[PDB]
Amino acid sequence: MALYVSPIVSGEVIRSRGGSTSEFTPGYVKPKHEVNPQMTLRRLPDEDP
Amino acid sequence: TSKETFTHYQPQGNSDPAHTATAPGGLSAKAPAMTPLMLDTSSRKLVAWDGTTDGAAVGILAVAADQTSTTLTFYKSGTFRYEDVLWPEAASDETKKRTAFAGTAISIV
Amino acid sequence: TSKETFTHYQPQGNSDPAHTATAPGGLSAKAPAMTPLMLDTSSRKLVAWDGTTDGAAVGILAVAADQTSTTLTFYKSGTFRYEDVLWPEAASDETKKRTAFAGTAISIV
Amino acid sequence: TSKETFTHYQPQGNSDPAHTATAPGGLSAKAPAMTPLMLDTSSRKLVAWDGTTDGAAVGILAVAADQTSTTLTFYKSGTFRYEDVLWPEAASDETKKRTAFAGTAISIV
Amino acid sequence: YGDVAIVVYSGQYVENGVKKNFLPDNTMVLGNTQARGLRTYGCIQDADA
Amino acid sequence: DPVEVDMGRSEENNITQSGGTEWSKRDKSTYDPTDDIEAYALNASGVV
Amino acid sequence: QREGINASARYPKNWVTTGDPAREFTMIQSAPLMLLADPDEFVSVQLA
Amino acid sequence: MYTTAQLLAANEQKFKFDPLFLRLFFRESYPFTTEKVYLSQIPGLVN
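Protein chains in written order, with the entry's author numbering: chain A, 50 to 98; chain B, 2 to 110; chain C, 2 to 110; chain D, 2 to 110; chain E, 245 to 293; chain F, 148 to 195; chain G, 294 to 341; chain H, 3 to 49.
If you are wondering where the hints come from, they were derived from the structure by calculation, not from laboratory data. Do not rely on the hints blindly, as some may be mistaken.
[As the list claims (entries may be wrong)] Below, simulated PhoX-like cross-link-like pairs (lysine-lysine); rule was C-alpha separation at most 20 Å, straight line:
1) B/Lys46 - B/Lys31
2) A/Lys79 - G/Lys306
3) E/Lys264 - H/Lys18
4) E/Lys263 - H/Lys18
5) B/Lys77 - B/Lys46
6) C/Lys31 - C/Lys46
7) H/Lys16 - E/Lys263
8) G/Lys306 - A/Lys81
9) H/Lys16 - E/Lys264
Kindly produce the complete structure, drawing on both the sequences and the hints.
Right under this line is the structure:
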C-alpha cells in the first residue's frame, strides 16, 4: 500500500521484490520383462487347437 | 463350466545370471525343484534344508531327485521369486524366510 | 525439492547517507558484517556489543574482521533495517533493540 | 581460495559385474550408499555393519534409506574400491576390513 | 435489468502484507453512470518541481 | 530413494469442504451452489 | 550414450544373455517429470 | 562446481486489480493551482 507520508519529513525505502527458485531434478522408470523361451512350447489361450 | 487358467512359469525374478553346480547329496526323501539345501554337520553331505537351522542355506535345487541320487545339481546364484520356490513349513515368519540366502549369490525377490 | 529464496541485499532503509569510519578494534572472535559495536571500558578498544549495557552502542560494523584485525571500519551515520542487523542474543527485547542506537546518528527502521 | 577437486565417481574396481538384491531392512540410523550390512542376530533383519563382528558382512547398500524403508536394496557381487567404501568407525584395522567380505561375491580391491 | 445494469465488483487492494477487498461484504450502490466525478490533483510540493 | 516435489501450491487452493455445511448437510431444493464456486474461484490467479 | 540419444522421450532396448542358459529381454527407459509452471492456477476442492 | 542447471519458464503473479471507479464516475480530471477547494451547489427551488 502507498503510505500517506507528509511531504515535509521523508519517505521510506520500499524493499524491492523478486527471487524464488527450486529444483525438481531426477526422475526415472524402467519396466523390464523376460521372454523365458520355455513358455512357447505350450499353446496360448488364442490360436485355436 | 470348468476353467483351466494358462499361467506362465518364471522362477527367476531378475535378469542376473543363474549359474549351477553339482555336489554329492544325502537326501532322505523326494525333493522337487526349488527345494533349499543345507550342508550336513556330520559328513558334510548335502541334504534338504530343515527350515530351522538359521544361516544353513547353501543352494536351491534345480532338478528333481530322490534319495537314490548320488549327485545333486543346484543353483548357486541369481534371483528367485518367493511365490515360485518351495520352502519348508518349519520356517513360519516371512522376515527370516527372506534373508535366509544372504551371504550367498542367491537372492529372493 | 529444496527451495532457495533470492532477496535483494538492502541494508539501508532510508535515503540517509551511510558514512564510514575507522577505529582500533579489540574483537575476540569472528564477527560478520552488520554487527553492533561498543567501547571497551578499560582499554577503549572496539568490541562486539554485549546486548545488555544501555547506550553502549556506538556504531555498526561495516567490513568483516577478526581478533587479529587492529583496525575496524564501521558505519557511524544512517538508517538500517531491523532484520539485516545481526543483533546479539542477549538483547532479547524488540523495543530496546529498536532504540539501542538512539542518541547517535545510527537509526533503526 | 576454495578448490574444486573433481574425481570421477567409479565405485567398481574391476570388470566383474555388480549384481543387486532386495531384502527387508531394519536400520537404526540413517545410512548413505556404500554402507556394509549384516543380518540381525535375533530377527535376522538387515542392519548396518558394526565393524567388529567378524564375518558379518553380507553386502553393500546400493541406495540411501532410513527407518521408514521396509526393504533395502544392496549389492551382492563385484569388487569395490577400498577408499570409496564408507567403513564404520569401529573398524580400525585396514587388513581386517580388506578381507571382511571374504567368502562372499563382494570383494575389495 | 431493464433501465439498470448489474455490475459485480470484486477488486482487491493490498495492505502492508495481506490482500483485502475494496467493498464491504454486503453492500450495493445506486447511482448514474453519467454522474460527474472529479479526479483532482494537488500541487507537487517538491523542491525540484 | 524418496524424491519430494513442492510445486509451490499455497494452502488457499486446497479447500476442504469438511465441517457441518459442506454440501450434503444442505437442502437440495433451496441452496444454490454457484456462490461456493465463485468464492472458491476467487483465489485462482487467472481465468478458469 | 553410444548412439547419442541421451535426450529422448522413450528408449526401447532388446538384448540377449550369453552362456548355455540363453534368455532375451526387453526394456523401455525414460524419465517422466510432469511439472506445472503456476501451481496456484488451479483450485482443488475436496467435496463431502 | 559441476551443477549443470537448466532454467525453464517463470511465473507472473499480478493482481486482480481493475478500478471500475476511475473509469465509470471519475472520468474528468483537474489539477490545482490553489490550496483549498470549494464545492458549491445552488439549491434550485422556485416558488
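A quick look at each hint next to the structure:
1. The hinted pair formed by B/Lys46 and B/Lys31 meets the criterion: a straight-line CA distance of about 16 Å does not exceed 20 Å.
2. For the hint pairing A/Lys79 with G/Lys306, the CA-to-CA distance comes to about 11 Å; that is within 20 Å, so the pair holds.
3. This hinted pair checks out: E/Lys264 and H/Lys18 have alpha carbons roughly 11 Å apart, not beyond 20 Å.
4. Distance check on the hinted pair: E/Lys263 and H/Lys18 sit about 10 Å apart at the alpha-carbon level, within 20 Å; holds.
5. Only pairs whose Cα atoms come within 20 Å are accepted, and B/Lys77 paired with B/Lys46 is accepted, the gap being roughly 16 Å.
6. Among the hinted pairs, C/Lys31 with C/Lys46 is consistent with the structure: their alpha-carbon atoms are about 16 Å apart, no more than 20 Å.
7. A C-alpha spacing of about 12 Å is found between H/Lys16 and E/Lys263, which places the hinted pair at or below 20 Å, so the restraint holds.
8. At roughly 10 Å between alpha-carbon atoms, G/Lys306 and A/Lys81 fall within 20 Å of each other, so this suggested pair holds.
9. This hinted pair checks out: H/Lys16 and E/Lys264 have alpha carbons roughly 15 Å apart, not beyond 20 Å.
Violation of the numbered hints given earlier is absent; every hint is satisfied by the structure.
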